[PDB]
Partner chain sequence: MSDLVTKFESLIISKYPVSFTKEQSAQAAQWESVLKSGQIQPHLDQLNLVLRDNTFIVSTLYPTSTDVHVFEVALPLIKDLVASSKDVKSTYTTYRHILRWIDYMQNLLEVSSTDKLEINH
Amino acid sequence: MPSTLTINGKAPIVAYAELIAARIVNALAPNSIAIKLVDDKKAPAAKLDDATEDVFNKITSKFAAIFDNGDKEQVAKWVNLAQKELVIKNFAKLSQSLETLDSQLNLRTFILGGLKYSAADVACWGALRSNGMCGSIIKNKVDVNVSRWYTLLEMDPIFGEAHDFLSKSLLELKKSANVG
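Would you give me the structure of the chain only, in the form solved without its partner chain?
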């Protein structure tokens, strides 16, 4: 019986990282996680089974067979940056954090430099997807490595259609609540 991941469409910072993690898991091990929707700003952004705290890392550690690339210390640093810094809508702070990631991606396709993306990439990509402030910073401060890495991952439906998946599912949720 699958784990359940609840994703909240009225969360002011949408749990993209968590959702993409789950998409990766089910892509490689179908029916591992059942996705459930809520649409209420007075509810957790995401919940794995009954866990509301440290949800990303709980998916990641639960499905360790899938998230099997990256020294865990090094993955944690970048997951921390995404969850503690890249989601925060502060221009100066976001500028600095984006510079750190840009420098990291200078000689690398993915954050930790494998052929495969890792949890580090999932967390940072999700964080930036959730944060509307970053687009212009990335452009105007010429974080072109971030730009190219973000576009690369965006062309992968697992990442780039997560928003559309969430918004069509929420539409169908409203349509079902509204049938007479």
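Positions refer to the first chain, counted from 1. Heads up, when I say rigid core I mean the largest set of C-alphas that superpose within 1.5 Å between the two forms. What changes on going to the form deposited with its partner chain bound:
- With the rigid core aligned between these two forms, only one of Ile138, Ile35, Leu112, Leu48 has a CA shift of 2 Å or more: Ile138.
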The other form holds:
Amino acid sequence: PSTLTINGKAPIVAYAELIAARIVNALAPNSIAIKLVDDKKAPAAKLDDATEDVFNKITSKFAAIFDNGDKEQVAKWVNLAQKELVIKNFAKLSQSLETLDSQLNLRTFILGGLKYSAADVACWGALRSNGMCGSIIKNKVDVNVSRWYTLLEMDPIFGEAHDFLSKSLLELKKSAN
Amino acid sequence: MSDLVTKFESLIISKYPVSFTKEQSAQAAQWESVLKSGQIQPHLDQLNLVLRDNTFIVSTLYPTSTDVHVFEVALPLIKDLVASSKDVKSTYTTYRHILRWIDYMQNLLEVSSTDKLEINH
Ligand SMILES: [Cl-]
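Counterpart to the form solved without its partner chain, namely the form deposited with its partner chain bound:
Following is the full complex, with the preceding chain placed first.
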């Protein structure tokens, strides 16, 4: 059993990593212990020992669960999420989002399956981390992105990830009190 | 009674306990009234609009009977207009939302490659 520690004071909260863990635990109970910290010196996310490339480390560890999408293809989108979709700059984000929006023209999920892949998790998590994307998604400027984003939001694994984070931060406070 | 409905009912996601809001119930209701009128073709631009902002017709996480019923009528309709299009082309860019939804439903319900609408991408 691995341990994923999430930091509540990260400028970019590790939603993609959290959701990845929630997917794994839903399909394979007790696989990943999810812990919260609330400290500005802590890394955004930590899987056991590793603070770098946590998302890919989770998806690669649970290969049967994360089985879909050509790995090179998945990586293209995981990299766009991690390096572009988290950026709190409308001018950069607008370009990045058009790349995603265009990919979704004729697809329900990023890589075109009947079900979502790690690509979808990474991008959805990256956008959830980005306060700037809220008005963008709400106003449907990129119609495909909004359509896609609001689909996955309906799945509690995604849409209640924040609730889990908030409740865990509550419990962290409670244990301190 | 149709083969498409039967195959949808054989899927696991068929059995999920979706509860419609009034708005959702209104939406399922209006699409069944369109089906009953026989006027899905005039309502294709409305359908494309619904699908612009919603993955499935009744704003659900999974496809519903509404999707299957509308799909069964819409599929031959759409591949006719693609086949009769003057601008390949513009038809695709315009009605892309119906097209992505067609591509999902035909693959979900395992429509035969012969009856399938080939999506360009
Ligand atoms: Cl696994």
